[PDB]
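Once you've had a glance at the structure underneath, I'll fire off some questions.
FYI, not all chains are in this one, though none of them got moved.
Should a chain be cited, it is by its letter among A and B, assigned in written order, with residues numbered from 1 in that chain.
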Amino acid sequence: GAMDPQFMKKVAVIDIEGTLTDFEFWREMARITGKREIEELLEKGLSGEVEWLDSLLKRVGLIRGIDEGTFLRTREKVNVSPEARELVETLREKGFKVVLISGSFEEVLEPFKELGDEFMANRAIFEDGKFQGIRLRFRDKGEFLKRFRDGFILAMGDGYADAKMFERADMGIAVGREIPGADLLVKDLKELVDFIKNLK
Amino acid sequence: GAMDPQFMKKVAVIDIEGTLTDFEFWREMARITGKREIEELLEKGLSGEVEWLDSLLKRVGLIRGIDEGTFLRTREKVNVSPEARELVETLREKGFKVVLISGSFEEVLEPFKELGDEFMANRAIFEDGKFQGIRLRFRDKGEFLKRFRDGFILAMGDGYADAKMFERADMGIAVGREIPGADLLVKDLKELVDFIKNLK
């Protein structure tokens, strides 16, 4: 009988934000609510001026109570581009099992849910039709990569990734801005696609 | 309550077949195709008269070419019962993250896809609408459990599980027939629900 021995394949992990999409949930939330503190907390988090979990929970705090519909509607701004799909299809062609990860909400990044072979993000807590908080489903992206510790890992990411994710990977590629731990920096998604297309 | 620290929770792994459903894809394939050899191969696999992967791939071979529609028709025999739903909801109340697994096809077990916190099974290969083979997405259920090695695990399963899976669990419960390595044996899903309801 025919088999695709997927479990034995080198793994390609893609951190979605800043690689596959430029949609940024917290910037959208800042825009929607008019609360600039949201975006400022985001910048403090990205820069390392405050601890990541701290800025994250403060942002969650700032949108507590917002309508579930307003929240879920942000999904309408998320799309899988032909280029994003091209990256993923090509990785499969080149023999990778593809895993998409994000620290944002599965509810919002839903369009990516079946794109790769596995998908993982955080989730949202709704009560009586209002957003209440976040389900933290992995500690950080570094820890999440431990799921694939028995094999090799190519990791691709951008501004929402950090050195913790990259030092778990056997090869790491940053997209658009250098990330400590990454072996390569490519200038944009198109260039990442070109690199992968060159594989074999 | 703006935060569910899901990543830190003890894991409740449920092997779907023989716990949540009595649907058995290969017995159904034997019925539909009339190929008794399929069910015989299953019996040989389950009893350990032949190696499991050997038996599985031989079964896969015997349904090569079967139409995707015939294949997908079987999901009509797969339903989330009130009891199965109560098990999973109660597990969450009792502070578990719930992971549903199977060595059968995700496409057929689709009704369970969103019931737990995580879902994992094998997948099917279709070419021009006809079944070509299996995508093996984990080596075996014990190997899969290594995904949750950093915390504690309660495993529940039935006839499609074995000692390898239960060896990984901190506490294991078999349903309906003793399984080597399980700590406990409950009579049926009802008894299992009652047991979980007694927790804490």
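Heads up, the rule we're going with is that a residue touches a chain if its C-beta (ideal position, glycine included) is under 8 Å from a C-beta of that chain, and two chains touch if they have at least 3 such contacts.
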Per this structure file, total copies of the shared sequence (2 shown): 8
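Note that in this section only the chains that are shown with their structure count from here on.
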Task: Give, as an integer number of Å, the spacing between the C-alpha centres of chain B and chain A.
output: 29
Field: Residue numbers on chain A that touch chain B, as the complex places them
entry: 1-7, 57, 60-61, 64, 117, 123, 125, 127, 132-139, 143, 146-147, 150
